[PDB]
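S.K.: The primary structure of each chain is shown beneath.
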Amino acid sequence: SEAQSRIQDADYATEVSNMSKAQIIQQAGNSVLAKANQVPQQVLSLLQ
Amino acid sequence: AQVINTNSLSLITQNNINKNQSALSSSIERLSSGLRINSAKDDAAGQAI
Amino acid sequence: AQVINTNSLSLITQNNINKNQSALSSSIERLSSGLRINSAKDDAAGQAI
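Listed in order, the protein sequences are those of chains Z, R and L.
Sequential numbering from 1 applies to the first sequence in the working numbering.
Sequential numbering from 101 applies to the second sequence in the working numbering.
Sequential numbering from 201 applies to the third sequence in the working numbering.
Please keep in mind that the hints were generated in silico from the structure rather than gathered at the bench.
Misleading hints may appear alongside valid ones.
Stated by the list, open to error - Simulated pairs of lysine-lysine, BS3-like, Cα-Cα distance not exceeding 27 Å:
| no. | chain 1 | residue 1 | chain 2 | residue 2 |
| --- | --- | --- | --- | --- |
| 1 | L | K219 | L | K241 |
| 2 | R | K141 | Z | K21 |
| 3 | R | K119 | Z | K35 |
| 4 | R | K141 | Z | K35 |
The shape of chain Z in the complex, shown without the other chains:
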């Protein structure tokens, strides 16, 4: 049982860190994606 444990164990210490990293990266990606959408907008300034 002890030997089988090592093969299939969640290891919450690592999994919560991976989850936090993923959440941070997702929020950062959404931020930079919303910021990047304003880039094609400055053409109207040249238009008029």
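On the provided structure of chain Z, position chains R and L as indicated by the hints.
M.R.: Using the frame of chain Z, we list chains R and L on its own:
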């Protein structure tokens, strides 16, 4: 700016977000579940043993 | 803490308690009974003698 027909920066951002959300889904699944294998989309040798 | 799916410490503690229970039961039974052999699950040569 010069091009609005394609915002490649948005495309790369979408790809990065997709990879990160795949990692996030894996982490959330393994966290809610007790196992690490979890219906081995992951390694096969581990569940075989 | 790192693992919740299996707790090995509690398991080996259970094994130790189970090992102790046998000696406890044997001692109590030999105390209640007058004889040491007592239906020799113990040594059988002594029972024959």
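S.K.: Run every hint past the structure and note whether it holds.
M.R.: Evaluated hints:
Distance restraint check for L/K219 and L/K241: the Cα-Cα separation of roughly 17 Å lies within the 27 Å cut-off, and the hinted pair is therefore satisfied. At most 27 Å may separate the alpha-carbon atoms for a hinted pair to count; R/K141 and Z/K21 meet this at roughly 22 Å. The hinted pair formed by R/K119 and Z/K35 meets the criterion: a straight-line CA distance of about 20 Å does not exceed 27 Å. For the proposed pair R/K141 and Z/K35, the alpha carbon gap of about 35 Å is over 27 Å, so the pair is violated.
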